[PDB]
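What follows is each chain in one-letter form.
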Amino acid sequence: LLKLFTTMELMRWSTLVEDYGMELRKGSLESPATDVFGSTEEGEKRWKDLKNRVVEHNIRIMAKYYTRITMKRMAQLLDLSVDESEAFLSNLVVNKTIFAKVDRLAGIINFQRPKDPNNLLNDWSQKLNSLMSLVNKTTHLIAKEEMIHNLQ
Amino acid sequence: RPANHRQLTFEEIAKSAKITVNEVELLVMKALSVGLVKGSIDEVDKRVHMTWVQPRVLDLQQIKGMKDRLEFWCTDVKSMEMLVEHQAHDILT
Amino acid sequence: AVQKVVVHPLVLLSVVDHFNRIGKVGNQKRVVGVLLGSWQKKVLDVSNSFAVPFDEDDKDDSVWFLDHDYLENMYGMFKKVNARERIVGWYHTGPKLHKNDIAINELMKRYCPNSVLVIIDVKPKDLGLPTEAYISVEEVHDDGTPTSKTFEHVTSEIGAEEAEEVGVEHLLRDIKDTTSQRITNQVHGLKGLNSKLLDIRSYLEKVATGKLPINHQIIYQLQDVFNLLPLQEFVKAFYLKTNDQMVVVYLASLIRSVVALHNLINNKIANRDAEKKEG
Amino acid sequence: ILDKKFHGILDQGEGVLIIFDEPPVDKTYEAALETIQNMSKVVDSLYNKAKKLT
Numbered sequence: 305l306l307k308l309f310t311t312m313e314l315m316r317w318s319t320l321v322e323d324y325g326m327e328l329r330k331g332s333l334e335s336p337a338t339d340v341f342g343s344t345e346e347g348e349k350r351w352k353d354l355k356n357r358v359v360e361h362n363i364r365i366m367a368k369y370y371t372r373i374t375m376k377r378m379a380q381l382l383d384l385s386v387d388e389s390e391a392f393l394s395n396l397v398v399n400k401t402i403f404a405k406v407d408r409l410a411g412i413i414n415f416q417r418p419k420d421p422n423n424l425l426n427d428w429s430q431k432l433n434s435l436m437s438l439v440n441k442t443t444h445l446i447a448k449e450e451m452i453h454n455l456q
Numbered sequence: 284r285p286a287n288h289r290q291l292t293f294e295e296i297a298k299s300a301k302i303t304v305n306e307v308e309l310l311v312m313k314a315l316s317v318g319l320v321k322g323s324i325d326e327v328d329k330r331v332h333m334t335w336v337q338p339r340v341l342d343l344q345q346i347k348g349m350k351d352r353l354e355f356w357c358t359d360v361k362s363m364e365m366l367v368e369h370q371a372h373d374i375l376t
Numbered sequence: 005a006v007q008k009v010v011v012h013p014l015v016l017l018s019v020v021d022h023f024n025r026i027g028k029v030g031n032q033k034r035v036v037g038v039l040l041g042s043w044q045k046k047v048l049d050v051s052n053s054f055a056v057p058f059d060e061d062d063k064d065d066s067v068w069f070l071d072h073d074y075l076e077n078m079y080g081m082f083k084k085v086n087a088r089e090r091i092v093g094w095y096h097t098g099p100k101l102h103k104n105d106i107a108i109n110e111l112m113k114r115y116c117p118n119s120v121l122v123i124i125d126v127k128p129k130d131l132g133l134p135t136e137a138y139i140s141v142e143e144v145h146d147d148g149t150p151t152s153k154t155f156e157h158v159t160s161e162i163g164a165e166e167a168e169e170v171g172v173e174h175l176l177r178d179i180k181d182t183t188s189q190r191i192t193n194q195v196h197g198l199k200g201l202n203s204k205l206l207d208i209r210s211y212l213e214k215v216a217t218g219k220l221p222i223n224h225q226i227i228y229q230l231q232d233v234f235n236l237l238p242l243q244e245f246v247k248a249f250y251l252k253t254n255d256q257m258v259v260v261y262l263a264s265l266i267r268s269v270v271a272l273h274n275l276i277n278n279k280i281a282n283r284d285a286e287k288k289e290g
Numbered sequence: 369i370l371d372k373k374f375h376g377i378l379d380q381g382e383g384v385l386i387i388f389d390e391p392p393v394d395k396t397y398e399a400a401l402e403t404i405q406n407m408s409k410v411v412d413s414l415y416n417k418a419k420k421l422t
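Here the protein sequences line up with chains W, a, Z and X, keeping their order. For the first sequence, the entry's author numbering assigns the number 305 to the initial residue and increments by one for each residue that follows. For the second sequence, the entry's author numbering assigns the number 284 to the initial residue and increments by one for each residue that follows. For the third sequence, the positions run 5 to 183, 188 to 238, 242 to 290 when the entry's author numbering is used. For the fourth sequence, the entry's author numbering assigns the number 369 to the initial residue and increments by one for each residue that follows.
Bear in mind the hints are in silico, worked out from the structure with no lab data behind them. Where a beta carbon is used, it is the ideal one built from N, C-alpha and C, also for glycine. Don't take every hint at face value.
Among the chain X residues that face chain W by a calculated CB cut under 10 angstroms, a handful are [stated by the list, open to error]:
#1 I369
#2 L370
#3 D379
#4 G383
#5 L385
#6 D394
#7 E398
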């Protein structure tokens, strides 16, 4: 679970179910399990909110390659079903702590960022800062090339 | 390939990388954890998009034959500098 | 670690007059003297310094002469004048280097914990900026041999700490507030171009007679920052720039039509006034 | 939508509504209206001209 604190470990949920159901199968310290999954009205609810965890934190982690993603292949890369993904979209999207944009006009929509509606600002940042990096290139090009030419 | 089509299809990946369609996503999210390439991979066409990368170690034949980019840059940005200045020549003033 | 120091042209003039000194007293060629400074931060000020009477033997560059009565002793008389601009480093003329620079700077390292040597320009002919500073560095290798101390390019720029142009400005007698763009353009272009020519010749040497630094440590990542855009197919940027030039030509059109109307109205008013109401 | 309570397009041929609004353009509105006023001012000056002429 500590490893889960990066990349979300978008793992087959049943595998983690093994990893945390064999806690109840501990021939050692098992009171951890009973505090976690020896419970029913909350321990099984802990499994449920763990599904919540995997889906919503995967929504978090996967925010990079977006602007093109399908409702079906969403579930395919979600370790959970499509209408399961439908309810997950629904709750995370009415919660809307992030701003995505989606529509079943195609179903190929995504847990997006503002979807880049911006003017030159994008171009501005890009051109300016990149060109600046290039002047930096030059200004250390002279330096380091001279340095490697010191002995000569 | 220096060339474009940097919205590459997954096909060369799944052929020569001995990986599957369900694992190209892990192939590049583990590379997001690595941090040498951070593509904006397409997932409506399943295309594995190419952004900035960490290039090589040494291409000494291309350290010699980078002239087709370096001298390209030098004489062509020089020539087009001369062309911009040559069209705005006599407002030297 | 220094990103910039105040390169106050007063110490520049000191350097220049003592270069005139080393030229007129005889044949001592490489101008070398002690740089003084006050470490405020990573940023620093260089307004006061001096040349030390020193000689370098033709062979074994590790030949130098740093009198304690012309430095340590002078420092105390200068300590009562101003303690701020402390012993901070030194400098040398001669474009590339000689062999002693490292030993000299490390000898003086006792004085300044971050002592500097500066390749000083005696003939301003550069495309850009004159003399730059190089602080103590520990940068040996991935090999990581016994630590080399060839002082790296510790960037800085021409700091004018105060105006004091009551005379300095009174010296220029040449320029205005250039309301010039073309000057910038030709300079920038030709400078990028000659830089790239130096590049291609250096790399042809690397392929031909260049040493192991052929692709030493960054020359490949040099090519990677080149690989920022590695036709570059800026088609996204093409229609981006299409809307950008929508904006550009909206600016041009609206503003310059305003300009048209502007001069039109009152210039024609004065014109017709002085034209027909004169007769 | 008619009263700016909503800004976007609905659908029955596809049954799919889409929301959108990005009005503010200070460049066009501002400059264009200022130029309109400039045109009015030039119209004014036209009569000063026609007078000082004859």
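How the hints compare with the structure:
1. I369: Hint on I369/X: violated, closest Cβ of chain W at ~17 angstroms, above 10 angstroms.
2. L370: violated (23 angstroms)
3. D379: holds (8 angstroms)
4. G383: holds (9 angstroms)
5. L385: Constraint on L385/X satisfied, holds at 8 angstroms.
6. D394: violated (12 angstroms)
7. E398: violated (16 angstroms)
Consistency with the previously given hints fails for numbers 1, 2, 6, 7, ordered from lowest to highest.
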